[PDB]
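All protein chains but one are shown in place.
Should a chain be cited, it is by its letter among A, B and C, assigned in written order, with residues numbered from 1 in that chain.
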Amino acid sequence: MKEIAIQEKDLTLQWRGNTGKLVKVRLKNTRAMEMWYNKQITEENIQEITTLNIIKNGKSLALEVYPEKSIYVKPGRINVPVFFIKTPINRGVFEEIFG
Amino acid sequence: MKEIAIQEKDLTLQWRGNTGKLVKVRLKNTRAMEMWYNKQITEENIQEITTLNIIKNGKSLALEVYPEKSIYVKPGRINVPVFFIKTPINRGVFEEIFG
Amino acid sequence: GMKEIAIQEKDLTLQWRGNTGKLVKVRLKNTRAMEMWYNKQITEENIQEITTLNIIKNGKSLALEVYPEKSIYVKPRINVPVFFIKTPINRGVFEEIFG
Partner (left out) sequence: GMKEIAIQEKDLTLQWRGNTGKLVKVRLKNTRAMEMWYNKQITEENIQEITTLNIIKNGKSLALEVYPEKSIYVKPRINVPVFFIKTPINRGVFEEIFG
């Protein structure tokens, strides 16, 4: 287990059908640049993460990912990390949590 | 020397007179929460940072800080890191850089 | 007869049944409501003349009929206009349109 918290405002969320299951989350370009400088997530360490703790509106939601599926996608200038979400969660409850 | 990059959108900037010198930068509450979970900056490690690399609009600007002055301020729910900026930079040139 | 007013989506708080279902009502944001108050763009006397809201966003437009007899001002300094949506539209298709 390795958990990283990421504020929701830094993620582009892909919901199946726009309203269904959360399929994947992609880091925004600016936050990705920042992480590159800091080595916060790297191509070499990305698959160590098993949980994303999504932060927003003073609330937090831990979501397991499929670590074998985590990848960098182009780009922007540099590639951005993408996580495939394993814990089932749908858009309605996600919106309810974060308000 | 220890440098940390932080995207501008996560900082509340205090400009002397609103237009003059950058005096200090305060992390936003949500990013502060995220950093708390990750231990990215902590009360124990904050004074190790000598440079902030401010990221925005695909651009980057390194600014030295006064490490002895870096502190947590309340709050929000938890305290937030504050850096006092040593490198002189005024609002006009900062705006020019970041556009 | 018909009276249509366009409002940019960013000026609306949208209420979706169950967060993902039918669009039930939209409420103007506080800043925009104050602007409309100074301009008399929408007023207590005229709000019920509006039969259609043309929602604008991302260079796209979606006309939606309202129930004019349900249009009301609600408490926020300034009360704000609320419209009850008559044209059936769900969150998925709305997100599809506007992206």
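As a working rule, contacts are C-beta pairs under 8 Å (C-beta built on N, C-alpha and C of every residue); 3 or more make two chains touch, one makes a residue touch a chain.
Remark: the absent chain touches shown chains B, C in the intact complex.
Contact with the undisplayed chain is limited, among C:7, C:23 or C:47, to C:7.
Touch with the chain that is not drawn comes from one residue among C:14, C:34 or C:89, which is C:34.
In the full complex, chain B makes contact with the omitted chain through residues 17-19, 90-92, 95-96. The chain not displayed touches chain C at residues 4-8, 10, 30-32, 34-35, 38-39, 41, 54, 56-59, 61, 77.
Here is the rule we go by: only the chains that are shown with their structure count from here on.
Between chain A and chain C, the centres computed from C-alpha atoms are 32 Å apart.
Distance from the chain A centre to the chain B centre is 24 Å, each centre being the mean of its Cα atoms.
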